[PDB]
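Only one chain is included here, represented as structure tokens and corresponding to the form solved without N,N,N-trimethyl-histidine (AVJ).
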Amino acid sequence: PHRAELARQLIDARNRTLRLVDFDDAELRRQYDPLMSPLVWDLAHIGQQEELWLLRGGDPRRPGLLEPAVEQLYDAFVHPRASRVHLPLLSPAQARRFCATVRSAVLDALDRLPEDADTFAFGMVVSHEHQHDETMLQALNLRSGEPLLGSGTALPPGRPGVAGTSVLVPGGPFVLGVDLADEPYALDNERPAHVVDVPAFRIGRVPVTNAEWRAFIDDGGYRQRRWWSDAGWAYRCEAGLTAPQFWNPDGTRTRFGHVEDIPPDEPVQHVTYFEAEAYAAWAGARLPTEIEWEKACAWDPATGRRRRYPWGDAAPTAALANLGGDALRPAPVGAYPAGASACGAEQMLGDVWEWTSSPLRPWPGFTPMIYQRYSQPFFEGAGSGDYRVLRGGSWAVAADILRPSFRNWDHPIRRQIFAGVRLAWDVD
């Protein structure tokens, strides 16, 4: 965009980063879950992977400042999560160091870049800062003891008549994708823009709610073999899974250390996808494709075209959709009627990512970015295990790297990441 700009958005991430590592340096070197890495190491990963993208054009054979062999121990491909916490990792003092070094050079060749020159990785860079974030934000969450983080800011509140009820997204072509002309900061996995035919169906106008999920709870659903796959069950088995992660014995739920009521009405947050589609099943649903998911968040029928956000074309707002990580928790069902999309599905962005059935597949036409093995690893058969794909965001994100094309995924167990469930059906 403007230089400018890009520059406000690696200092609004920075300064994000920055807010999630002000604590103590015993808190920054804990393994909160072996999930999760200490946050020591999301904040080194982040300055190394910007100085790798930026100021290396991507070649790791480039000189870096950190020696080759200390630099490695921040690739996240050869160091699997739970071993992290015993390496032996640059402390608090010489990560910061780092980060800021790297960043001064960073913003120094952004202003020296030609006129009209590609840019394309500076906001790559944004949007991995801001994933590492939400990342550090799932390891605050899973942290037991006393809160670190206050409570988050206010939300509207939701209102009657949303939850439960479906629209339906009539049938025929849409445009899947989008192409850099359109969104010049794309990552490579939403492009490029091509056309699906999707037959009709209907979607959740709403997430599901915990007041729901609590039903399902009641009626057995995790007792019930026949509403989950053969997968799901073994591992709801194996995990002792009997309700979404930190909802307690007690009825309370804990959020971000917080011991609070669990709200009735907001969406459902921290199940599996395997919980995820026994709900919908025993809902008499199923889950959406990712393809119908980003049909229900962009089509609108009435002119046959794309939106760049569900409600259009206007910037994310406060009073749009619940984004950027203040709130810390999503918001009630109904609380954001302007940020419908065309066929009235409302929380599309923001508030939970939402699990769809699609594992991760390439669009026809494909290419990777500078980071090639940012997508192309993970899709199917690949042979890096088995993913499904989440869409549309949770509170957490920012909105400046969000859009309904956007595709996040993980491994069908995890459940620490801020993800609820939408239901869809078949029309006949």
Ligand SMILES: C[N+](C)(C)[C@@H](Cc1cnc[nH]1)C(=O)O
The other form holds:
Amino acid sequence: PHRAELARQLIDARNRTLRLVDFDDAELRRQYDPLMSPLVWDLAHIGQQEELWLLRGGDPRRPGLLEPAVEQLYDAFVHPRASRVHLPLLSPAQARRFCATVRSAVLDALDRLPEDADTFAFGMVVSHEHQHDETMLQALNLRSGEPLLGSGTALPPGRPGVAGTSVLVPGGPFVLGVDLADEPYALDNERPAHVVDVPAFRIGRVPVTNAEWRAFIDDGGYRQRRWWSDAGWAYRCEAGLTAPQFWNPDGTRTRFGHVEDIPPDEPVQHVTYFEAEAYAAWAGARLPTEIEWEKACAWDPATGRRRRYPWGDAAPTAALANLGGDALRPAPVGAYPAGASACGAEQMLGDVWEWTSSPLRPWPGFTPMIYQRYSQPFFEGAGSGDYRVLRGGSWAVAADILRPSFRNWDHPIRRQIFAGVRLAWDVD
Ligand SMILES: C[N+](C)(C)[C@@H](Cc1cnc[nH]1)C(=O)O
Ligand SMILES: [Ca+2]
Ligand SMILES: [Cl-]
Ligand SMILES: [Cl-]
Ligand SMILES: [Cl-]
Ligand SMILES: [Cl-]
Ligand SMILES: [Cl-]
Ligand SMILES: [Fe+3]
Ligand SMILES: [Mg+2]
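Take the protein just shown as the form solved without N,N,N-trimethyl-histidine (AVJ) and give its structure as the form solved in complex with N,N,N-trimethyl-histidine (AVJ).
Then the entire complex follows, led off by the chain already shown.
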């Protein structure tokens, strides 16, 4: 954009990272849960990736500041999450120094770029850092002990008449995905824009709420195999799933270490894919595909055009959506009437990542970005296991890095992510 805007975005992302590691060294070296890296791992990994993509042209053979064997400690493919706490990692002080040295060079490089030069990698790195910021928040939410973070900033109230209800998404062709001409920092798996015919379906006006989930529990939803897939039931049994994560036996939840009542009208959060599909079956519904989800979010059947955001082309604001990390929770359903998509689906962007039934797959004409291993290894059948796509972002996602076309994904057994559920239905 303006190089000044990119600098602003990089600085904002780093400010966020540094808030998330503004704790004593022992905290940053802890493993909060075997699913998660120590925070000091993400810190150095953020710098290493910034250096690689912005200072080294994505070519590991070009020299970097770290010995290659030290650099490789931050290769997520080489080192499983649980192992990272035991690796001979850079100290927090070393990691901060490294990140700052890299950043000084990156800001200089951005100054020196020729006019009209391509800046894609800079936006890709902003996205990368913010996504690790959300990972670090997942870790801090898993941490046992007295809270390190506050309970979150104020959110708007919800309103009646939206929970449980659905909106119609009329059938026909729509444009899935985006091109760089329209979204200059869209990641490779969002491209290219192409037409898909999506039959009529209905989608939830708002996500499934906590009170609705409690009804599933109360009716024996976790005790009735018929709602679950074979794999989902097996996992429910193996893992002993009886409620969303962080829901306590006494009816409270624990959120960033804060014990509190469970708000009835918030979107349910911290459920697996398997739980989501079981709830949906029990409720008389199903999960959306990600293609259905994106049509509900972005398509305006009155103009036969995509919108940039569900509400139109205005930049996200606190009045339109719950984004950016400060709330530490999703908002009550109905809190953002002005953020509705053309079909009336609300809170599509922000609040909770929403599970879909789609595996990650390339759009026709997919081509990888400079970080070639960002999407490709996780496509269906690529050999990294089973994934399902999640859409829309959560409360933790930076507005700068989110689009209707953005695709998250995870293994269906994961629920430490800030994920919930929106229902869908066939139309006859
Ligand atoms: C798209 N997710 C969120 C699944 C990715 C983003 C990512 C960060 N560094 C490489 N990729 C992930 O956390 O592994
Ligand atoms: Ca969402
Ligand atoms: Cl990983
Ligand atoms: Cl990771
Ligand atoms: Cl596979
Ligand atoms: Cl993975
Ligand atoms: Cl899995
Ligand atoms: Fe990464
Ligand atoms: Mg309306």
